[PDB]
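Chain by chain, the residues:
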Amino acid sequence: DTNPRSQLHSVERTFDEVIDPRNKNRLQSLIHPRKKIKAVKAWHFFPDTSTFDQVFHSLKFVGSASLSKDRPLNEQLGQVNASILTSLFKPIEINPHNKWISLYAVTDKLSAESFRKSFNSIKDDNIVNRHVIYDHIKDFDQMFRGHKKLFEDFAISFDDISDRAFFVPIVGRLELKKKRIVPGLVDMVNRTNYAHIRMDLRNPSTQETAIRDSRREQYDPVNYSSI
Amino acid sequence: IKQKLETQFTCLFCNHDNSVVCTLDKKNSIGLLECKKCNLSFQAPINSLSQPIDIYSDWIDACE
Amino acid sequence: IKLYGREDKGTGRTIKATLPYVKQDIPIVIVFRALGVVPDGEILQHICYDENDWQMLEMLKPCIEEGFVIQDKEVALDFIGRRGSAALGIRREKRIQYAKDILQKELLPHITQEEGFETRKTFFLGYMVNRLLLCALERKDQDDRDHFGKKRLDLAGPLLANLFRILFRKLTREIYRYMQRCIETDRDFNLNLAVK
Amino acid sequence: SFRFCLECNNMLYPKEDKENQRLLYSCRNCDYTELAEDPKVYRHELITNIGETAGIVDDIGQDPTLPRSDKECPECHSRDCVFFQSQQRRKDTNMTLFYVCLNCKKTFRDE
Amino acid sequence: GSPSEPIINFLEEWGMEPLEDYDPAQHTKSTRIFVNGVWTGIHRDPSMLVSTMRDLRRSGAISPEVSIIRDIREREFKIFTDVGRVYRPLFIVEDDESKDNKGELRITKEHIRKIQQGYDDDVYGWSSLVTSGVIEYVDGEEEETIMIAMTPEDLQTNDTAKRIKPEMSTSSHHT
Amino acid sequence: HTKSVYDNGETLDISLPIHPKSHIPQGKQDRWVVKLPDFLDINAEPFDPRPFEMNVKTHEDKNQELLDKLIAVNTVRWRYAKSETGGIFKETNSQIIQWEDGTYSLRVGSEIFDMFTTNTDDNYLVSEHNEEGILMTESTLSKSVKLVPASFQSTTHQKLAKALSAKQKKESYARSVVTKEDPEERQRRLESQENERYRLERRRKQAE
Amino acid sequence: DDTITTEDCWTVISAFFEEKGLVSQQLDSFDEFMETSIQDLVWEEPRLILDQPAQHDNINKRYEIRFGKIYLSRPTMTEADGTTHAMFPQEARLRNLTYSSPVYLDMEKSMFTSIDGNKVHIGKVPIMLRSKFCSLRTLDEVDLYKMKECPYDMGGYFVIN
Amino acid sequence: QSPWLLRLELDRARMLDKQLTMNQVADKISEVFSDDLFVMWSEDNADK
Amino acid sequence: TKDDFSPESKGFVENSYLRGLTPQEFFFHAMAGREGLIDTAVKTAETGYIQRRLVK
Ligand SMILES: [Zn+2]
Ligand SMILES: [Zn+2]
Ligand SMILES: [Zn+2]
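Residue numbers (the deposited numbering), protein chains in the order written: chain Y, 156 to 234, 243 to 390; chain E, 15 to 78; chain D, 247 to 442; chain G, 3 to 113; chain C, 541 to 662, 675 to 709, 720 to 737; chain L, 75 to 282; chain V, 9 to 64, 69 to 128, 153 to 197; chain X, 1190 to 1237; chain F, 789 to 844.
Relax, there's no trap hidden among the hints.
Chain C is nowhere near these chain L residues, computed Cβ spacing over 10 angstroms in every case:
#1 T76
#2 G83
#3 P91
#4 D115
#5 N117
#6 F121
#7 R124
#8 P125
#9 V130
#10 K164
#11 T214
#12 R271
For each label pair, taking beta carbons as the anchor points, the in silico distance ranges come out as:
#13 Y:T157 x V:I21: 40 to 48 angstroms
#14 V:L106 x Y:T157: 52 to 60 angstroms
#15 D:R419 x V:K73: 19 to 27 angstroms
#16 L:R276 x D:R419: 24 to 32 angstroms
#17 V:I21 x C:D585: 34 to 42 angstroms
#18 Y:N386 x V:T125: 52 to 60 angstroms
#19 G:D112 x C:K727: 22 to 30 angstroms
#20 C:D585 x F:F793: 28 to 36 angstroms
#21 F:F793 x V:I21: 30 to 38 angstroms
#22 D:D392 x V:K168: 35 to 43 angstroms
#23 D:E253 x V:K168: 54 to 62 angstroms
#24 Y:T157 x C:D585: 34 to 42 angstroms
#25 V:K168 x C:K727: 41 to 49 angstroms
#26 C:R594 x L:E258: 48 to 56 angstroms
Listed below are several chain C residues computed to face chain F (Cβ distance under 10 angstroms; list not exhaustive):
#27 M699
#28 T703
#29 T722
#30 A723
#31 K724
#32 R725
#33 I726
#34 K727
#35 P728
#36 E729
#37 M730
#38 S731
#39 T732
#40 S733
Keep in mind the hints are simulated off the structure, nothing from the lab. A virtual CB, placed ideally from N, CA and C, is assigned to each residue, including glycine.
Chain Y on its own, in the form it takes in the complex:
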């Protein structure tokens, strides 16, 4: 079946044999080849259109840098916590040899909850000016490994109401380890990071939105091509 016509025919055959998630009878017809177990639920597998412009990195804590292991840190930031779900990271590099990552979070639970609700409910064109102040928590040493292929890793998100599953590409993996600051460099350390960072929520500019749409035009041109 090396014939290009055969490959194309296989492609349309695979496309046509997709099982309707609402079809309970056809879903029960499908049986696991080895487990011999009926199917219960199904989800469509689709890519995500609004997120391809952004760049996604899998961030992990290595060893003692675990937030669960750091009991005082967890107690201060809350024993899922919205503060963790709204944290900010600031990579700063003095020189090629010296590098670290700065972590910021919202200490107040009410402010973090309001910010998380506003961020997760962005489906309209009205955003309130939430001047949220982020407080520094800790710094970690960082190393990065890049993926040779574009879609080497992909994260899967679900949507039960639409019976879909949206996946997003992962560009690289960032690892963080606990770093003990040398006592002889605290003078420059105090001049590197900041005690607070203020985030202001504003609607994206028209030019930046057009740039992001042009970037997304590679994936979906039917709904985003410039005219």
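For chain Y, the structure is supplied; the task is to place chains E, D, G, C, L, V, X and F with the ligands on it using the hints.
Okay, now just chains E, D, G, C, L, V, X and F with the ligands, sitting in the frame of chain Y:
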């Protein structure tokens, strides 16, 4: 107990070689490099695992 | 990886590792920090796999106590480089680079050679230390030297390969020397005369 | 099992407060200090038994080279069991057998 | 001697997870995996993995001289593709409990008659026997983990001249 | 009490542009990171049958051609499907199936690949903002998922086994050749010419 | 089915010896060495590099030579008069020759310059008898007698002098 | 005196087998260490 | 099987030379004979050295 050892290091002021003697005192945690010709003395702290190479490297770093 | 200290002798039972192109033995905690794992909890995670095994922990205690003096990656690399049997008087930056060279390469070369790929070396050091302690605690019999499953036989292939590698390196050196001698004339050497 | 500093990850060493007459565990690279719960600072066993029955795995019943017996399991009361002698192999080790059933995997002896 | 890249590919395909995704506290029961003496990863269900690798080797997908060893006591699963390992062939006994042919030699008179003829009924030699899953090579390290019968007569349960076979009464049953 | 190092209070008034999301997770901001196997590929681009048919490549190497065919037929794709009512809908050839035991499987066509999930803690997903040099978190990666073929009899597994078995069979680097003359003839003739020009050069230099 | 007797075991062993032989390990090892090992040994160090920052006008010239394919040939005898002909082991034994074959290497020379080559003969490798590169691998049974070679000879050895 | 307590448990079986007395062990320790260590020993009727 | 201390599992040849040895007994007996040969070939040199020293 102070330990006196003859070392083959090179003095950076007189340029004579094989005229360096390392004196380390583990009791007071100190190490002295003295030039047998220049009579210059270099003092640096030492640890439990310190060796004459450690004091020599410390002297090299101090020199530059 | 030698385990010093006899039964009820030699005070602590320190563990000193031996590295290639290094004149003196080095305690295991120092080399672990040199690879880039400075906290002690992470090192214990790398070595042991059961926190209830207090015997191996108390065996490891003297090593941690001895290596407590070094508490950073760069200082550990400098300590490794100082004894690296290289030229005397090497600057601190060049000493650290020499240590990185001798640590990435020539240290368990069969595992890897590329940069940023040293976690596997740390895990293998943990495995070796685990095996050493496990046999020291008499929990397992020492590996049988006569076990025929641990032997290999070199047939005509490997023997001829070794000999040919030696001879071809000799031929390459001869070509190099002839090229250096003959470039002085700036002539278009046939390259059919350089070879012997 | 010994603890470590929760912010420095280094080993915590026991310490005594002269003014308070209390045992504490203090890190050496940091000022962190935590109260000690147990008074057993150090313990050394001259004669030990650990490593005798601890050598158990869940899938030891998949080894074909192990003999199969018919001893009665206290838990499952199965008719099939696998037995082996002590994993600890000191020169003065006893030759007692440890029997493992295929369902509950409980280790027991015929003593 | 064989390249180890296909072995690593198969191991990664069949669920082995690399070292950077490993934490000793978390995977307190996983099995280490060695390939040619280097620790390459960990696995949580070594039984199905060793079954799959052995079946692949018997089907000819993996080179028959590749050594597959499982050390259940030490929780290790070693693989060797090195050069210079002395091996020898052995018959294969069907040890699957779910199979009706349990406890019997896989080779049958059909294979013998095919060998005698010299061809299959839609060249049939020793290599065909090895790749058809009736004979396999084992080295000195894989022999540690197998139970061998001396003769096909040993596979099933008063003369002064004939010799005496071992009683082997210590084991209630053999597999 | 490790006193806080930073007490300057300096603050940045940076405002980040955020775009509305086509979908929103419900009940939990959880995502599963899945490693992509070699036999499975993702084609985010909409399926274009004519370029696909016109760009099929044929190679002499049977193993490479079979691997390419397998990855192409197993690649996850999508295309625009014209609805019977005249509208346009996104149609995909890939689905996720959950069995009665609770396990999940990735399905492409008739092929089914099982999912092996390992729980991972302190693993999160972030969004990179390179122009501002800061990282904005997105959600939490709770589980790492591996994709495994369902059974031996699966066509994908058999094709992979065939490709890998025949890949290591082909090994012949040295190329044979026929010698018609003495292999040492070139060296001796060139040495003779070199000695001749040495003599000529010595004479010229003595005459120069 | 039917039971397997001892005679069937001997049938299987006969099949084994029909395919493998008694000295198969020597021949297999040598075939592996000749087919792939020599090329990899050459490619272990595939570059010889010389550089020169000529100021005698900064002209940095790099002279680099690369090693290419390995070409092997059947064993050949070169007489004193100059004629070359195929060599068979019996002639080597009778005349105290060495049963070896030439090895040819491709060398490519490059002249890198920044202002700021064919099959060369490297040696002769002795050939193991009855291996893949021996002249007796072919020739069937009848021609083996014309070459004064015993059909019972199994190979697996070299002929040096 | 120091608060640091140093105690050790003697195997009753071998202690009986060697026909030794707790008082004898305490006396030996006292003789080898004079009065530098305060020593208390459990009675023979104790469980351990 | 593992952990088998029966007489036939640790080198007790039950048969006689007339009756013939089973393969396991054959291998164990070969091991013992090899030990005998090695012991002779090693002790001869030590005894020779001892006698030379005594004579001198
Ligand atoms: Zn001087
Ligand atoms: Zn600390
Ligand atoms: Zn049971």
